[PDB]
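J.: Chain by chain, the residues run as shown.
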Amino acid sequence: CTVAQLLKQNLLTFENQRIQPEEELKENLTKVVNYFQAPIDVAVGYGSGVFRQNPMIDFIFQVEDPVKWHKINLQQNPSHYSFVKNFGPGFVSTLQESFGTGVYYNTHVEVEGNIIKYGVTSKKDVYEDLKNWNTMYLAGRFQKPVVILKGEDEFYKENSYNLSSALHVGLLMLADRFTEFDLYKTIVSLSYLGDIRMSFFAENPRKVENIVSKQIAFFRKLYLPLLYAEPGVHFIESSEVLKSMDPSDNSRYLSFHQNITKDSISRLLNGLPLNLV
Amino acid sequence: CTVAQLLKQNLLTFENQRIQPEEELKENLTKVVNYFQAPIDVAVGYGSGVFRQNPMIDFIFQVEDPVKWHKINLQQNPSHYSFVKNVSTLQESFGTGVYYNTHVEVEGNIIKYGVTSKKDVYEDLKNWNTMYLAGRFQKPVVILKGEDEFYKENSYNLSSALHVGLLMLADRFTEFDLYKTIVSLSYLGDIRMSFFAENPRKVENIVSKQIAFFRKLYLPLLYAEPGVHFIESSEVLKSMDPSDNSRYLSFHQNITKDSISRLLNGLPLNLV
Ligand SMILES: [Pt+2]
Ligand SMILES: [Pt+2]
Ligand SMILES: [Pt+2]
Ligand SMILES: [Pt+2]
Ligand SMILES: [Pt+2]
Ligand SMILES: [Pt+2]
Ligand SMILES: [Pt+2]
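Protein chains in written order, with full-length UniProt numbering: chain A, 33 to 85, 93 to 316; chain B, 33 to 85, 93 to 125, 131 to 316.
For the record, the hints were derived by calculation from the structure and aren't laboratory data. Any given hint could be a false lead.
Stated by the list, open to error - Covered, in the sense of this in silico footprint (three residues per stretch, anywhere, with C-beta under 8 Å from a C-beta of chain B), are these stretches of chain A:
hint, region
1, 71 to 85
2, 270 to 282
Stated by the list, open to error - Pulled from the structure, derived: some chain A residues nowhere near chain B, Cβ distances all over 12 Å:
hint, residue
3, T34
4, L57
5, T62
6, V106
7, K110
8, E136
9, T140
10, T146
11, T174
12, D192
13, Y231
14, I250
15, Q254
16, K301
17, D302
18, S303
Note that CB positions come from ideal geometry on N, CA and C, so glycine has one too.
Put together the whole structure using the sequences plus the hints.
T.: Written out as structure tokens, the structure reads:
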């Protein structure tokens, strides 16, 4: 619609996180998620097969107990898994060791007429990262546009503080004048190595600017309301511009002024998940 | 001293890492380092107390065994430790990460020094287990003791940081885009490890302030990089003082899929 509409979103009901695809695509992704009978608490779609305009579709399943989750899923979907064999001596992992921590991926899996890759991880591990940034490896993925296909309201609540913290890190890094393009590129930079480390994508990493410009409408929807709520941040463009601006439009970028006094920088710093006591 | 001279640096003797303060400051810093009888393998100076445009001077001490090092340091300087408001727990803390004593008076200076396992640093420089320690050394530091040992462990860290910048940037970019991108990679790590007692600075002010040292570190690496080349002619690079923030160099890199895959495969994050 318009950028002005995006400034009217209700943060208190997480409206800036409520990214959902078109009805038909959504139906397909939902059918994929529901195909799994092992209980998925939060299901995430992300990547080129979710944000379009054939390709493998990327998912994350946040589950209550991964060991048990894989026990069930090994019975229902045994051919989704491929294990390393014992060639030589050991490298023998237990259920808890291989499944209990991190993101475990089954890749190039056919589910309901789609080729998919899904990573399974502990919901508890994710929520702790969203709250404290223990590593930010999981949190960083959720500072950028994703689609929550299941457990939406529960997840959005846990993620709002992660998103506003990423904005605050951006504000700490940027000068008193910046464009929204500078902001989103800065925010993407924060998680760029973490996405590589976690193998969220089987394809080559992308250029930071291409990431931002392809998803410009979703970065605006997430962060413009947070900018609007932020004391000391001033939108420079007039009400007229913001009502004439399509969120999908890359041809011009909003500009801002922020307070960069010492007291302001101290409050940004001390509100970070890294600095909570 | 010109930008052109910076390209002719010998990467094989780590000349791009050989950042030393003017001889004035250097003796003071080295007397601070030598005041300590607990042995320090590698001593690092950084921060505004080191790169001067008095203030507290920031140090990192990389040591062979931090628990045995703090044992000796608790004997020579027990006032440095603020623990008398409460040892097993303190000792557990010594082991991992960086332990700091701050606002400490030494040889005329008010200093802050962090103690960390040299082994932990070297492993991070090589593998980016966390990049918390390696990130500090992707940016200008002064190595005050243990230079040749440390420069050689760090060179792969620096060119890896350049490679991440090249992955992140388009086919055309300036040296300003690149230094700011590199600083972005380690910005949260510097906060998490509390390298600085003061508020974090703005990325662009960090770069512009230290533009001569980012240039000394990274310009010869860009030069040796396949697929990357300078856009400005030999003559402009002779007319540029490394401290001049009024003009920034430009670059063209190959961005084909194979070039990008080569940069990804050589990062420290790969287990192979
Ligand atoms: Pt639109
Ligand atoms: Pt169980
Ligand atoms: Pt079971
Ligand atoms: Pt079980
Ligand atoms: Pt929209
Ligand atoms: Pt304490
Ligand atoms: Pt060219």
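J.: None of the hints should be skipped; say for each whether it holds.
T.: So, going through the hints one by one against the coordinates:
1. 71 to 85: violated (count 0)
2. 270 to 282: Contact hint for the region 270 to 282 of chain A vs chain B: violated, 0 residues under 8 Å.
3. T34: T34 of chain A clear of chain B: closest Cβ-Cβ about 29 Å, beyond 12 Å.
4. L57: Holds: least Cβ distance 27 Å, greater than 12 Å.
5. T62: The claim holds: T62 of chain A sits with its nearest Cβ about 33 Å from chain B, beyond 12 Å.
6. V106: holds (24 Å)
7. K110: Check passes; 27 Å lies beyond 12 Å.
8. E136: holds (16 Å)
9. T140: About 16 Å separates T140 of chain A from the closest Cβ of chain B, which puts it past 12 Å; holds.
10. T146: holds (17 Å)
11. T174: At about 8 Å from chain B, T174 of chain A fails to clear the 12 Å cut-off, so the statement is violated.
12. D192: holds (29 Å)
13. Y231: violated (6 Å)
14. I250: Violated, since 9 Å does not exceed 12 Å.
15. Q254: Consistent with the label, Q254 of chain A stays out of reach of chain B, its closest Cβ about 16 Å off (over 12 Å).
16. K301: Check fails; 7 Å does not lie beyond 12 Å.
17. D302: violated (10 Å)
18. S303: violated (10 Å)
In summary, the structure is inconsistent with hints 1, 2, 11, 13, 14, 16, 17, 18 from the numbered list given earlier, while agreeing with the others.
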